[PDB]
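For this depiction, one protein chain was excluded, whereas all remaining protein chains were kept in their positions.
Each chain gets a letter, A, B, C, D, E, F, G and H, in the order it is written, and its residues are counted from 1.
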Amino acid sequence: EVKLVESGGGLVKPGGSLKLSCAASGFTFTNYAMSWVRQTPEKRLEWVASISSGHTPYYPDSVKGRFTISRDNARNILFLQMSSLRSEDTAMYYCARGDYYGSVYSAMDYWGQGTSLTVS
Amino acid sequence: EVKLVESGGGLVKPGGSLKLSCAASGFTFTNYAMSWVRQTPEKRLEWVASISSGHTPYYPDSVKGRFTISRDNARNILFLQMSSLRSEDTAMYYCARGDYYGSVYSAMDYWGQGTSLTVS
Amino acid sequence: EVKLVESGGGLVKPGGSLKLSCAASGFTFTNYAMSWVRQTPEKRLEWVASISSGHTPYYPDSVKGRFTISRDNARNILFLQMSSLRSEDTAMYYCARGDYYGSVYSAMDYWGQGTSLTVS
Amino acid sequence: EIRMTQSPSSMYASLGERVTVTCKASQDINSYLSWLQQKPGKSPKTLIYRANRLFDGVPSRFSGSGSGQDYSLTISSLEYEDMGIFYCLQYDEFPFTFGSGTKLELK
Amino acid sequence: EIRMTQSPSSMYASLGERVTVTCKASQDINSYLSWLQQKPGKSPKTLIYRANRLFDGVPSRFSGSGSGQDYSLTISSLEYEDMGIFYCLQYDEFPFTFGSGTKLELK
Amino acid sequence: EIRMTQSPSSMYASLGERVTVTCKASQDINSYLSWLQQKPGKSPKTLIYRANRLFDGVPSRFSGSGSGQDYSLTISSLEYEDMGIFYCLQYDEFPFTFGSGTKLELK
Amino acid sequence: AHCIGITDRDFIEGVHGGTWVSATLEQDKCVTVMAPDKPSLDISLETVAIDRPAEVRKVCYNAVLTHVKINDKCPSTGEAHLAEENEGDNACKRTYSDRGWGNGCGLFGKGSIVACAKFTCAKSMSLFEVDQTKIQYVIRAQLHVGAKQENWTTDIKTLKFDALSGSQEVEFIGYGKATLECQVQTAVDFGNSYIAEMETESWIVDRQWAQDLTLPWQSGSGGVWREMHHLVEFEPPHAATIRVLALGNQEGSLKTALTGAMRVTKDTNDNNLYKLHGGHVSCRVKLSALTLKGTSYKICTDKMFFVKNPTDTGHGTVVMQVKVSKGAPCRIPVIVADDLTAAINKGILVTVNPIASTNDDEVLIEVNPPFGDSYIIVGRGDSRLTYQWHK
Amino acid sequence: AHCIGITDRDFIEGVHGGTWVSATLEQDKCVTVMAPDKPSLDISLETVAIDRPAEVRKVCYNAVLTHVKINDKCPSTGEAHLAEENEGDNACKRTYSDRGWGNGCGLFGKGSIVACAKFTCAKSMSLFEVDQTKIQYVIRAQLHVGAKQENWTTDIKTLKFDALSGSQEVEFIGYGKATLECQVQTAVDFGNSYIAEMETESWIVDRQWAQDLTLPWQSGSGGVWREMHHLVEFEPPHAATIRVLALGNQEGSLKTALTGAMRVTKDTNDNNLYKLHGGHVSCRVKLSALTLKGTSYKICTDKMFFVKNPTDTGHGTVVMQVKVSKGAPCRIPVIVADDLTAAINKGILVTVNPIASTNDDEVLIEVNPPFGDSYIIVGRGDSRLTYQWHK
Partner (left out) sequence: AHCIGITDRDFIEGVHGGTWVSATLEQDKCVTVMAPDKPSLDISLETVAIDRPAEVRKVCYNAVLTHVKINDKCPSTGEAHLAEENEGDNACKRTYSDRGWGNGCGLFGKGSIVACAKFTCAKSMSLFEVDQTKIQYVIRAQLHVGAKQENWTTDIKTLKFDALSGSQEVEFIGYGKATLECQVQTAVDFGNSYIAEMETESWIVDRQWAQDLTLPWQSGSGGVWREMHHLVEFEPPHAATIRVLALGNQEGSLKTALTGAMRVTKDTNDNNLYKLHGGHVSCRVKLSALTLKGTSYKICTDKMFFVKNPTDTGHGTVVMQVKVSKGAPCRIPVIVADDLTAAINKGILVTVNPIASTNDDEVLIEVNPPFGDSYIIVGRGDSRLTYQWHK
């Protein structure tokens, strides 16, 4: 009974910093792996981050160093923390759920309800 | 012939405490186990407590730590002490005698005249 | 593209005997199992016999000892031999091919044109 | 954690009738079972315990049977002193429990 | 000798309809189950060789799924060229056996 | 980086229709490819996860197809519940990519 | 016939006349008996078998402890008893615990405790007695004049024996008659033993081992189990409470120990049969009424050829198979020579006098060529056909 | 109070000036510490507890086999191979075998056979690793000032210790405060080991031992069992058939092998914690902050009656229950003496100043008389009570 929940969108000035949080239930959270995906105002899609079971991260060059992913087994919470936001960073964002073996190498089975983020 | 006699019920204020006292005669009181049961005009019967010939107590979880049972082998009196009475606990009460092994696990074949305890 | 050809049908007296024959084309024949099935005017199918890439048979007890199956890989041919034919055996018959490996344990791929045998 | 429950919650009868009651249990009771009667405004009394056994002084007209999760009590002929509430009582696990019981009436 | 059975004996259908044949088995056959089709005047044709495995050139409208001792063969939209006779065929045990066979007609 | 393109930018379709959106890739991925649907204002949904494999509970009207660098999604019969956006997701190498989605609308 | 296919073999050679000839047989192997003028004869076992065994014991090897009851008594007033202990199908143990004022009793002496539990078996090994008069043997025989091997399943003859049966008469149609005498006085011992079954894997076992198992056991139908005190264990007491534990399935231990004995099985068809491995038997045979067929026929003249080349097999004989195009009902001469130039034979035929009946017919032949190298030769005149061969 | 009923007890005395005292604790025992003018303490050890361990392996001790398959190839060509061997749910084995003309092969010699079957587990042991950083100790203590046993559960205090905290500042009404320091993580052996669960039964053993069990095992989720052969046995092949059989349950053998280790248990009724049997710890205690409630009360003066006669204990010390008739709240004198003239006191009280709280309530007094016979005396003046005693 998968449940997956957003929190923390809004507006931030260029050169600020921010973090977002998601909560989930219905499965033992340490046996799965997680991803973050963004949808532009033009409705194009871009993958931004994922993290394996364990704690190893991966990123594309679109993001490298500017913002970062982490996970807490204690709270069943996923976090995304951002710095030096640019104008292109305004989008809809969703967290998404990995697969039973915990490698990032899989298709993705469920999607959060998501939030916008805005810049001026 | 066996006889059974009842006393000590009445009316008391919530948060109070009282001890009931059953008196019995006509049988070798050292041997048989005995137990307490309570009833309401709402037909559901409730088991209260039970005691071994070895004085070992037994209680249901809803009253653990609240009710206490004890006995006197010279006076042939059964004492049931009740503390922190509640609107949760208002009924007709009965006392009854088990079988000659004095083990707790058996039905009961003699029953007292009974009396009420109530809370206001 | 593959084909199977299938011959020897006709009429036989009860208690008589007959050999049916089949030949194969379009594929290498030493590395497939083969089998026989029957069809009847009640339209209910039955399995008749099968042979491994090992020269070993299997039979159902409904006809065990009456028939024999064998291959001849020097000619890419099957021989199906029956003795003491009985009225129930009057049928349409088909040969068929197994799959890449020598076992009989598989589903079955391609089917003969059919030939008829009649008992009277 | 034992549930026992009873089907004929409002059945009533008339003089000399054959009458039967029955109960189901959430797990095997292994025959540590019994049957009791409540008369209005008086002390309850026993009838039967275990596998269809009678205590002394119980009249012979009472009977029953059961096993596993399924049990029954029945009377060979109903008589007016039988008016009251039947109850079932089980005692194989230390949280002892009764059924809800049912009332029998003459028409 | 294991026995196996199909729900529709003979059944009418409409063009473009979705149609399903349930099959039930007397034991768990571990998905060694296959489905064959025939049309009159011709030798049979194989379509399904394991549950949701297809031969080359099978029309994509065929599918079939299940586990254990119950299975389903399914079609999303009937086509007149595809209509005819269907058979299920298990192949786990030492004695191989077909199902009943089932018949379909376009009303 | 693996580039892909969904060839039909948009299509107009009706109930009962077959629709066959196709995609082409810059590399022969090992079929690590999946199809996503989104309905306006809702969270997206995943249907086909390996190149022809389908989640639990999802309706049977879809199937996938292709090999190497050529693939397509077929809906065997379109229904009102499924108009909207499709996206073609590949996951073979570290830079994941979605191509550009395409619109299917009831005509 | 089939004695060419069996893996391990020996010959045995008689002496001229109506003398008895003697053999010994082990379940997998076979023997072919030879005598100077007679056609040759092959025999084999097929099985020992048992029927209508008798039940003697059930031994229990997994159990469950479904319900428990306990109660206590104060150290002044002696022993205790509980209503359950009266009933025969229940575990019981009695012991002394601590007690004192911290537990509501008048003195600090050692108390008394009783415990009881509802025992039952869940899987049982069943033991059977074998009635030694009832064992059966079945024997296969074939006269080795030979035919294409597909005929073997219909030509082969099968025989039954028991301790009451004496010598046994047999026929071979067109060749005469023979007689066997398997001494049922010869067997491994089935006294002092039982047959053990657990779940369609089964064993011969010595009675002492069966008696020595400390597992719980039962005398027959119904009854109550005898020694649960070996299988159920109680942990040392707490003040008014005890716990009791199973030792689980013992199965693997028992399964390990039985590896020291012959294996046994039950058949799927005519399921009354029990089928048994590992014994051996001895028999004597009478050959006098056997005869060589076809001696009056002409020698063949026409051309002929192999349908299968001669080939090796592990016994040391070769085998080969032949057909005849248009010959009469006639005999085929076959022989081996150290040089193709000379007729002086050195080898031995093991099928003695070949016959072909008709143009459709075929024959199967085996010989033992001399160690060294040689030519096999078949036919005479221009038809003469040959093959080169080695040790 | 608490200590009096336990099977075994230590007395320890601190000479004035030893402001730190130390003592050792075991699960089944307790200690009373005593200091010359301070009310006495009982220290007692309930349990060692563990919370939410780490899951690391599944080990299978029984297996069931099904859907057998087999395949066969002749001596002259290839080797045995079969599609089912790929899917991880199967066990597999491969061998050469006998073959020959009795079957169909063209040449005599060894052929090859392959066989495999589906495998599934019925009952599996789970292994866990443990967080040394999260073990918990639970200790019970209370002051010994006289109080009737029927109230002890409300007067006991309970403490929790772990790697986070040293002594609590333990508080009591009237009497003052105290401190207990614990040597956390001084168990005989911990780490290097796994907790094990069977069905509702448990064990602990070193992490090296489990590697040497030849039972099949799985690591983590989503894998499949490895080293798989050792539960499954194959008979030697017959001509085209192999019979495959399980060694059945190993459970009883496994349960045999662990008997030298410490027992363990779950209890779900206490919210899924694990509790460890048979441990021990060492601690240090400071008494100095305690005070005596009674010191300012008057001496008693009046008639008094026993509620229980004195009685013996396994500790060699006496217990009695006393009640005061009409007096003020007061203190009751106690002495033990050789002569009823009581010129001297030969012995010591366990509770250093008994208090009569108020009329119509009970008191405990507990006393350690010398070797040899002597008199106990309670009360004073002509009403004084007496009871003779012997060693």
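What we mean here is this: a contact is a pair of C-beta atoms (placed from the backbone, for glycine too) under 8 Å apart; a residue touches a chain by one contact, two chains touch by 3 or more.
Contact with the chain not shown here comes from a single listed residue; of G:309, G:358 or G:359, that residue is G:309. Across G:128, G:234, G:297 or G:387, the residue that sits in touch with the chain not pictured is G:387.
Within the full complex, the residue among G:128, G:152, G:175 or G:375 touching the omitted chain is G:375. By the touch definition given at the top, chain A reaches the unshown chain through residues 52-57, 70, 99-103, 105-106. Considering the complete assembly, chain F touches the hidden chain via residues 30, 92. Interface residues of chain H facing the missing partner chain: 54-57, 76-79, 81, 86-88, 129, 219-224.
Definition applied: only the chains that are shown with their structure count from here on.
Of the two chain pairs examined here, A-H and B-G, the one linked by more C-beta pairs in contact is B-G.
Computed from the mean C-alpha positions, the centre of chain E lies at a distance of 62 Å from the centre of chain H.
Distance between chain centres (mean CA atoms), chain A to chain C: 62 Å. Shared interface positions of chain B, i.e. residues touching 2 or more other chains, are given as 70, 104-106.
Annotation for chain H: residues touching 2 or more other chains are 103.
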